[PDB]
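Below you will find one chain, with nothing else, as structure tokens; this is the form deposited without the partner chain, and questions on how it binds or moves follow later.
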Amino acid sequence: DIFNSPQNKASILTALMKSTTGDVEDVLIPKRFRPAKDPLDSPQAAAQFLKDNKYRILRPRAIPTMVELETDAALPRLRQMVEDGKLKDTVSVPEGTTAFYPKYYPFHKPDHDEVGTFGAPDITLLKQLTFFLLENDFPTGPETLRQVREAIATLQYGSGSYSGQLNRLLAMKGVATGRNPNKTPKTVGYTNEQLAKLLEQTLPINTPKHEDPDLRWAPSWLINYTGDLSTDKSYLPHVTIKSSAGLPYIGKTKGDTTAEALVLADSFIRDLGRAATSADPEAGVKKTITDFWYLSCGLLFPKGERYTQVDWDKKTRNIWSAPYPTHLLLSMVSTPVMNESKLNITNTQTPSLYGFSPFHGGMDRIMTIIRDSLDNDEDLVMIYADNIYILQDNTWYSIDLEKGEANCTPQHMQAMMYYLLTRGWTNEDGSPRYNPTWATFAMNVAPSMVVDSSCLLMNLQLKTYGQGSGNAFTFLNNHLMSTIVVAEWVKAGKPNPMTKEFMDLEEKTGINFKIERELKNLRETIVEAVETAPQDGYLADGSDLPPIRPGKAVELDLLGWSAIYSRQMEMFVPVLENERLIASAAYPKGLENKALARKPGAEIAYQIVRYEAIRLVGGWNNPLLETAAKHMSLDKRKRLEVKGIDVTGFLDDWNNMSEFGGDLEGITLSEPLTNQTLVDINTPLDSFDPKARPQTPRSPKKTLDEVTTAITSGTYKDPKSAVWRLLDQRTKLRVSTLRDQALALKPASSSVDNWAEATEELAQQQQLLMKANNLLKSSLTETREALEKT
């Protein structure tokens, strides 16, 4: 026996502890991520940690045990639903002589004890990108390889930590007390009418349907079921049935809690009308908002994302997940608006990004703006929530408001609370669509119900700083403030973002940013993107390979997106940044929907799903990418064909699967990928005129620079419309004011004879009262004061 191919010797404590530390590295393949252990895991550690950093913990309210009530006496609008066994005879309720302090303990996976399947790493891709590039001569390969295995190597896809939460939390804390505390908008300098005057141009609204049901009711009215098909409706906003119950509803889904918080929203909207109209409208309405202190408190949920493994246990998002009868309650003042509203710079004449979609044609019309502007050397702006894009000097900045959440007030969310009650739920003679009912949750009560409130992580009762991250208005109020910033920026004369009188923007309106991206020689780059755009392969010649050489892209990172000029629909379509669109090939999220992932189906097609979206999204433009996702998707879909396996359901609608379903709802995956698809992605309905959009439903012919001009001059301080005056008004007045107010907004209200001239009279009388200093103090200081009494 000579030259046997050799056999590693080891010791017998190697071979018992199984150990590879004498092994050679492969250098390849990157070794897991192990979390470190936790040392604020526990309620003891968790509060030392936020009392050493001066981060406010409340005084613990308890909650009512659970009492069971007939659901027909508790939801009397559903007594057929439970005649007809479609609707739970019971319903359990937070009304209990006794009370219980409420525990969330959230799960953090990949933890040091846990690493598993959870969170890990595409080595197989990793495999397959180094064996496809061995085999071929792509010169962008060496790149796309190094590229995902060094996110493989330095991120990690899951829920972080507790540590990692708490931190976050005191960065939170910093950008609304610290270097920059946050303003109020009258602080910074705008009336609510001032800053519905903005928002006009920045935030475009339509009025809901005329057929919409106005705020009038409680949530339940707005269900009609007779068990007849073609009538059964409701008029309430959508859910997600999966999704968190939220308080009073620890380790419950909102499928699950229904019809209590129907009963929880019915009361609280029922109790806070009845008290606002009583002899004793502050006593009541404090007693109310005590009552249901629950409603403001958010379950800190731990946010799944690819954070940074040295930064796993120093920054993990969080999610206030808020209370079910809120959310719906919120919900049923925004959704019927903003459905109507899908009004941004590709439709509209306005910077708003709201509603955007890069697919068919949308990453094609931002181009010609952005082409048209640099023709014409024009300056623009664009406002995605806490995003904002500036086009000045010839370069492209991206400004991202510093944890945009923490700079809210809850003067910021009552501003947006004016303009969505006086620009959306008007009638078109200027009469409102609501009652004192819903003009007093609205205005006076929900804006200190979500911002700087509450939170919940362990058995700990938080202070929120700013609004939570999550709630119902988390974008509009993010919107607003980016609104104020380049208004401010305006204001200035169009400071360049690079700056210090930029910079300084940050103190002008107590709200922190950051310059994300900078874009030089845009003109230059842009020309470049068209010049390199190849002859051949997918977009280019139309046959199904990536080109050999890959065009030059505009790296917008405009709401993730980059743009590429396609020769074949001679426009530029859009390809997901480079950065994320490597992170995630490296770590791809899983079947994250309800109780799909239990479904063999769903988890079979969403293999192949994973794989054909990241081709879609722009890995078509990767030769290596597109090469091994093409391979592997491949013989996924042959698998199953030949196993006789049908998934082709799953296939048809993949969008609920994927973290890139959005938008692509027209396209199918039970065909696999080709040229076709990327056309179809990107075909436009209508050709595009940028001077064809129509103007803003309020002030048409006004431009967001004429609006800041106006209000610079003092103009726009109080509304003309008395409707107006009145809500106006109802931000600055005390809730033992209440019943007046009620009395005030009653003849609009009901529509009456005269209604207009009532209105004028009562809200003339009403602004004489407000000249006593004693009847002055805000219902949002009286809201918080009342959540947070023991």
The other form holds:
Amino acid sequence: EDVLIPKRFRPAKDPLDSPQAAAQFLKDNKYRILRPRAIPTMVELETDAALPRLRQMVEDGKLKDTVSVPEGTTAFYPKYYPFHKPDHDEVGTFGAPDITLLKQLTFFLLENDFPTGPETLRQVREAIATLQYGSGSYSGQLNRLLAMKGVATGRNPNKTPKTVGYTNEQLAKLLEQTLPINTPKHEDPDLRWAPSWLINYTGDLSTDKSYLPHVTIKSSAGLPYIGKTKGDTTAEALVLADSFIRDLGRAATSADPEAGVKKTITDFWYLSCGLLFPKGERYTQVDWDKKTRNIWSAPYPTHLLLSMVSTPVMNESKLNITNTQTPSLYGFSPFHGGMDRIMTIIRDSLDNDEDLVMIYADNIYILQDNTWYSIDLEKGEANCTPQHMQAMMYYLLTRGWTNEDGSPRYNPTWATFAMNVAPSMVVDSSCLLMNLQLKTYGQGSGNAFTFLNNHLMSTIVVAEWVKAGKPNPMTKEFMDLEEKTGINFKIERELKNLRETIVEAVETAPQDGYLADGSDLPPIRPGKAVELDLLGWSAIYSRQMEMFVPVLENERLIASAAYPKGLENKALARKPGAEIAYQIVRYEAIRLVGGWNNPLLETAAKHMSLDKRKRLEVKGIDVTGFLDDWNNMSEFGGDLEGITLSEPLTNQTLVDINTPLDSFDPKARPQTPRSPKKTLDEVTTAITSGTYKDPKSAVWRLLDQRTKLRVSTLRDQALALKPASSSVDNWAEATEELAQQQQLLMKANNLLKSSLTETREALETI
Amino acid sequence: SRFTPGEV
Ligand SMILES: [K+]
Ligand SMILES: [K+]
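Having gone through the form deposited without the partner chain, I am curious about the other one (the form deposited with the partner chain bound); can you provide its structure?
In what comes next, the whole complex appears, and the chain from above leads the way.
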């Protein structure tokens, strides 16, 4: 009645929703508040004047005729006041639990003796009663900042790779194994130009092209354009990103590179300050004001410049354990036989009594002693030092941005941005909340390098596990790697008696229903799942397909059923029939990702899906287009890219999403592009012995030296890289002689200072 | 073959 349905959660009044109360709380907790910096007042300039090369893009309507730039004689302090919903005064449709589904689950439990039915109903009701989908609160966000600072500086303070004992080259040798990469396509431009110069526009569809990375148009522009999207500020971003990279390049080759580079960095300070966006999630009601995860929303120009380094490399590097002999999980999909490929790799390891490691950003998976371990970095991003990102930049510029002859696919200006400035713009820099400019501890979550920097930190933890003789994750010896690496982590899952569990999963596989005998019905009694929680997926054995298939981890499935995400796109929500199409999508997607294998959930969701489809026929609205392009309407859209929901879900839909394109032979997987014959273990034993301290390549040696020399030496460094980046006659011997020359002047300790510290100082100058 | 639009 009103006892079955839990009461709606009404968040308490937030006592820290004012700058005074927020500042006092952070002060009482010793959290660093910066002296606020101001942005010059916006000036409405002619886009034709600011971007003359793109005059044709203005007249064709691809850019606004005016551009607003911070050039004014007066300045302003930026202010960012995000919405937190639901809140004490607004408990509406946003974050509303699916009470209709709870009613349906109860009715079908009344009529069906499903052995897992009572546990499914209780779990959905408990999730509705204890969880809340929403954007948390100011208190939640502020307490989260304290927890991040705690991971960075508390019980286990962060350590740079150098402090742990790795050079840039030693880390690169590990990343060749844990994150194998290819070079960007030959047709893609080198890192040598201003972003706007990557736009080739005239009108001709046969030639017109943009080599810039794809951006989310509806996402936040960030500073200095609060309240604007990326689509709203395209011209502004190009003008600002162009001016920053050009002013940096000029300043570095000026009569005083230290004063020049520092002036540019302070003039564009706001390019290092992220809007502290409250992340929409299924939070615990009891901890609503204790924890709101934060999205560090990078300014559009900073995101564009960073993405120009990473995305041309990563587009060509979808290499993982299912298609390459690497522990990496980058670009993994459990669909189209992905999960069965993983289960084949796991089963072969267990039969051959071999240990196994898998890495995905802040997620580590270890198979040892007939046990599966899921290890996650604790609040990952907070463990990142600017030096971790600098080591990733080294790896991308040496292994990615390199020609076949070994010459660099970048010039000194882009080597300066990537190595000497960029890591301090998004790591240990600052954020904006209300009128408060707060310190950021670690890397800003959501920045372009979030995955890459987290993947490098997990690589360090895994390399140290291999070095320590692979101690079991449940022992003190493994937990001691926290202090050894400066990286906090925790064992999130332990799946004991793995061999036996896989045998049980195969033997308990149902004979009835979906992917079993092929009828359009859930099994009465589902088989045992292999609860790997591999990027949120469990494995279930299919008798029909004779393979393991993925099912969304139970806790995630229940949370998503209890609190569905609605249409979080104003434009699509405005379109007619979209909201009623979303209703069908919600119940079909929950079935697709794994609800099909939960008999109570599948009976209730199928009913909801067909009843919503019947309501659509009554109103006479055609939503076929929306149901075909359902991906953008669902949180589960990012997987099943080529499936349509225009026809109701059947057993054939489940067969199709699990159909492999090719047969799998693990021995047939190509080796990594670099050091193919070497295993991660052989690389670790070499590093332990002191190998790969310095790269053999003089170009790479110059890039490593660049991480150690102060900003006043940048012009000399530019002269050292100029022959190689220009590919002049006999550049190799010239770069070789210039590196040897630069190595000698490095005996002057006064020339040794991290440019990353110099960047941070200038960013925080008043 | 490589896009070359002057470099920064
Ligand atoms: K730490
Ligand atoms: K290899």
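Positions refer to the first chain, counted from 1. Heads up, when I say rigid core I mean the largest set of C-alphas that superpose within 1.5 Å between the two forms.
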query: For the set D256, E83, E671, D291, which residue undergoes a C-alpha shift of 2 Å or more between the two forms, given alignment on the rigid core?
result: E83
